[PDB]
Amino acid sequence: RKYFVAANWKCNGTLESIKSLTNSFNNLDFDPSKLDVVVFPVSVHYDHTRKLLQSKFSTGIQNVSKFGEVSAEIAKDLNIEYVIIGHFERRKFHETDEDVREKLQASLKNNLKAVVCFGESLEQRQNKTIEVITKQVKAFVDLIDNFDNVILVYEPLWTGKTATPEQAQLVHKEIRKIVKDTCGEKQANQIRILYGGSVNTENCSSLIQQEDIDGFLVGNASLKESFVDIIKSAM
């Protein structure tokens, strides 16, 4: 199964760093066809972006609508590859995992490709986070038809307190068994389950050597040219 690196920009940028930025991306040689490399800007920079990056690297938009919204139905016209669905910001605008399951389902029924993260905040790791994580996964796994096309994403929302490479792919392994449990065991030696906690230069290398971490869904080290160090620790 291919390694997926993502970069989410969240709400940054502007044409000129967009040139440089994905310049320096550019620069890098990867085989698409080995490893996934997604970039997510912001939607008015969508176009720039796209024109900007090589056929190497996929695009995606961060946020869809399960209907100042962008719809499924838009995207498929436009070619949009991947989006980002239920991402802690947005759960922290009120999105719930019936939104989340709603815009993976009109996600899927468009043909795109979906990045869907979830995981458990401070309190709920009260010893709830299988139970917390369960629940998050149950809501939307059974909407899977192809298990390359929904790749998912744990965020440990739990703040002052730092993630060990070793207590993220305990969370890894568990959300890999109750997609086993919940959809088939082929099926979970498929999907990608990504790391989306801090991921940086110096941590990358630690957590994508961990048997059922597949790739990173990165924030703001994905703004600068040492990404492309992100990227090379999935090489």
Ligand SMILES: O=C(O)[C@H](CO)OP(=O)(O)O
Contents of the next structure:
Protein chains: 2
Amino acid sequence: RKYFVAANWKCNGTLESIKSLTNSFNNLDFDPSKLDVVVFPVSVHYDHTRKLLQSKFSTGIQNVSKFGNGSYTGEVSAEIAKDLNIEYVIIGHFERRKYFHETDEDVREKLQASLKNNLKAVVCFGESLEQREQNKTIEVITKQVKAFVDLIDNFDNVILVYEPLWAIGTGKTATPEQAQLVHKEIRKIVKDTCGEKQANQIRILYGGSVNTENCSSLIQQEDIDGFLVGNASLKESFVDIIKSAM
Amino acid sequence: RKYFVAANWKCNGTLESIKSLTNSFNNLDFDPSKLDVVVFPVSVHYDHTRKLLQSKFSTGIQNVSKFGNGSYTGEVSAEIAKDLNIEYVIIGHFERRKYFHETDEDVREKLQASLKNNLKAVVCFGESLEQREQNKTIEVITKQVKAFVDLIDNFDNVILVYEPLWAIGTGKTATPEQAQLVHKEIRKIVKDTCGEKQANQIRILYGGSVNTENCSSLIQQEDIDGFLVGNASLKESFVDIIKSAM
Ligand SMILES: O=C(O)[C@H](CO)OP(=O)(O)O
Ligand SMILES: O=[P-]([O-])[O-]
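Just the form deposited without 2-phosphoglyceric acid (2PG) so far, so send over the form solved in complex with 2-phosphoglyceric acid (2PG).
The complete assembly is shown below, putting the previous chain first.
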């Protein structure tokens, strides 16, 4: 599988901080045919970020609308993303499910709209602390993945992300071994639902706390194909996280 | 009061269509010291739009986060807007109340963040067909305005918009006089919750259907200080709607 390292800048940045951060990223010599490196700035920072990053970096946005063009004040359609050659979208991030009540059906509709417009999708899911302590991790992830997985018609163009919500902001820690087991089962669902080749092709990223210290322990696991990185991707040392995939 | 004519492009535009439309808008000679004219493109179109419009046109975005900077994937904070010199935000548009379940409390929180970060805000509210048919227009608008109105300190920098939801896709039609009656009531609510001077300063825009054939009849009404214009603002003839306020 081609490894995939993504920077989710979330709701952070200034014009000047992005100028310095993108300059630092550009100093890393990597081959984009060997690994994908994608930066997801805030929507209003996209043009600045895409201009400042060298062409080896891919870019995307952090959300996309389930509606197409029309009377949807504040939304960005997949059609507008296509017209701007915004290559990737994040869908289903836990912060959208938590604060903006995004549902599995919304994730399905956004994936559908994205694929129809030739956008590549980074689709997020994962179980809560209570679900995990109830031994419901596989029931929860299965339902979340089955909400959308039958739409995938090209297994390079959809990238899955496991978010261990039980170990985000809970004072709990996931280990590489724990993450590897969930990733194996995610790949088993894709297998079940879409077939063995397709399952062995798709990228499944880890979306819990990634930093320069733990990144290699994660990506060296057999079924962990890269990361969706949050706060560590706002630092110049994010290049060392990319190096773990090189 | 200075009149205020705003283009809510909603979720519409291509880079090419915006190049043509902004060129047509730039041909209109008007004096921005006498009239505010504000364009609200989609977030990922903002940079292109602001570079293409002469500064006589003010610009803004169609939504803003209720949260500040941080782990809010997909949101745009008021701090980020301010660093980009985005001048205006729309808050509380009925489409966000409808499709994204934005509440009065969300509107308040977005307004507080916006004003904290020295943005100007276009704040929308209005009653449904059922509410009007139950004779609850004033009760409903009083509650919607009182959810946020105490946050306003500079009554030039918050602009209210009445959206007659009862006449939007209902087959019902608001006459300019019916609009005027609600605008006068909104101004009375501001007078009694804030003060007389405050109420006489604040702009109250009509946010129902505005086109080249009705704009003159609306802006002549005493308590109508401009418009938040939808589909008609995607047309070159929007310049004639601007002229009606000149
Ligand atoms: O990966 C995301 O996009 C996350 C959600 O937590 O951020 P972090 O890497 O800091 O945990
Ligand atoms: O966009 P509205 O005036 O129909």
